[PDB]
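Participant: Fit chain B with the ligands to the known structure of chain A by using the hints.
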Amino acid sequence: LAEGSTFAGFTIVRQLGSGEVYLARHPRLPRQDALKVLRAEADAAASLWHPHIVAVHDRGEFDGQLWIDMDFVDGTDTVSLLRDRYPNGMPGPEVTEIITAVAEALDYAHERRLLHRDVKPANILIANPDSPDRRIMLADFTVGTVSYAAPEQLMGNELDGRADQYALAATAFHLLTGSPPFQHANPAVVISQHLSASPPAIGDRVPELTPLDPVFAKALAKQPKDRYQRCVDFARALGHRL
Amino acid sequence: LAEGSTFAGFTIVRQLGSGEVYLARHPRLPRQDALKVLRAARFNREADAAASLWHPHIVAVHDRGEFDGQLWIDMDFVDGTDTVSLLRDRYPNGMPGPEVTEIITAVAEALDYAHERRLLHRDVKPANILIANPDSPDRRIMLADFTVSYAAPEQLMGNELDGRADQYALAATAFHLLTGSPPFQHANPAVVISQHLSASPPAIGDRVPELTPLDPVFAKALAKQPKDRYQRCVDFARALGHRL
Ligand SMILES: O=C(c1ccc(Nc2nccc(-c3cc4ccccc4s3)n2)cc1)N1CCC(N2CCCC2)CC1
Ligand SMILES: O=C(c1ccc(Nc2nccc(-c3cc4ccccc4s3)n2)cc1)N1CCC(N2CCCC2)CC1
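Residue numbers (this note's numbering), protein chains in the order written: chain A, 1 to 242; chain B, 243 to 486.
Chain A extracted, bound-state conformation:
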């Protein structure tokens, strides 16, 4: 609900997402930033300094609305790259590149006792995808995207890094095929499959990818104890077969 508008000195350029997120020209510096705005306290994002995690510049309050100024990743999210190219799935080597980059960001955040809690294709941005300056970034540190949420997180149990691993594996499944491991119009059904349904064989969707079956079986395990120890271990197990 703002275009060509001025907000805390920022000039609104485009809507980027929804907590509504605008592409905005900075009041003092000649560059474009991502401005997240509230209508009616994630300091952790400022705590993180990683080449694959979107940086926060500043936070504030303008006319009762809380705002976060952060880096703008000038490219696409993996959702759009999936729908406009690769509707049936991304090439294996490009997925290992993206998942490794995000695995590192998450492992870094985990070592500092911070969980992302919402890893999904829409939070994986790639600046200049077809350029040498190509850069993979992780952003955004009731029925939301239950498509990638780990069962223990849905149940509201005590979390660790292996919750984000599940989400990353669910994300990777989506990127390689053209759909998440559990697809249904009814969120309640998706939630129930996360909790109770055996994780599906990726080979049953894309025959060429059968070798990865035990990899997704492991990373999408119901019990966190049965997954990989770190996200890069999962990313490496992908690489080994792609």
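Keep in mind that the hints are not guaranteed to be accurate.
To be verified - Residues of chain B clear of chain A, computed beta-carbon distances all greater than 12 Å:
1) 256
2) 302
3) 308
4) 326
5) 347
6) 387
7) 449
8) 457
9) 468
Claimed, not checked - Incomplete in silico selection of chain B near chain A, CB under 7 Å:
10) 267
11) 271
12) 293
13) 381
Unchecked claim - From the derived model, a few chain A residues whose C-beta atoms are all more than 12 Å from chain B:
14) 21
15) 27
16) 29
17) 47
18) 52
19) 58
20) 60
21) 73
22) 82
23) 97
24) 135
25) 200
26) 233
27) 239
Since the hints were made in silico from the structure, they are not lab data.
Using N, Cα and C, we set each Cβ at its ideal position, and we do this for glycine too.
Facilitator: Same frame as chain A, but now just chain B with the ligands:
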């Protein structure tokens, strides 16, 4: 200046370097930033190039402003060491070859990236080369701040600059990192300046015999005429690597 003082909401913690640069607690976010402050040209200080640059080896600028007539730049604080402190306290006679190729390659990339976008650093030196978590897997080489020891002759003369000026500085920096001292060392800055302008670039082999093979590399990168240097900073970084 005063440690524990408030400047534009930032709490000053210590001076990091010198444009004096302080480690400062951010007014609103719970983290430490590098705050660069000016005393008394304003247009020049508004080289808004640094905000234009977004590279994994270039220190990020968050914001710029004016507090009681003093211009300030809020930028990332690289929690680790500069290469100066690494030389003084760990490797007084020079750093290991492989570690220097790592650092110079990382900085060469940052500079080559900035050059392709028509932007020059203009002050490459050991104190602007930071390494966060040096001894950790999270190790990260950063070039910050986008003394005549490293300045190229054309830059000292105030002539038209190109990327090859920063190359000279990077090569002079690499010489220092490898040997313990810059290519031209003298208490009198005027003498250092004169050697930059007129003196044949020294043989790195004449300081550290093991490094004789790099002689033509530094001869080339420290050339008087920019046209006689490498085309890109990574070409210089690669020529180092080949012989280390
Ligand atoms: O591919 C992208 C895209 C490009 C760059 C960024 N960058 C960028 N940088 C930094 C941070 C963020 C974000 C952070 C954040 C947090 C919560 C929700 C969304 C977001 S987006 N994004 C984000 C997307 N788009 C096409 C589809 C999209 N949609 C929604 C409107 C019409 C269709 C609009 C934009
Ligand atoms: O090893 C360091 C060091 C650590 C972190 C940073 N970080 C950091 N981050 C972000 C930006 C910057 C800089 C910006 C900038 C701009 C101009 C000149 C130098 C710099 S350094 N630095 C810079 C140094 N120090 C050792 C002692 C040194 N003493 C002795 C001699 C003088 C004072 C200063 C501190």
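Participant: Against the structure shown, which of the earlier numbered hints fail to hold, in ascending order?
Facilitator: Structure breaks hints 2, 3, 10, 13, 15, 16, 17, 18, 19, 20, 21 and 24.
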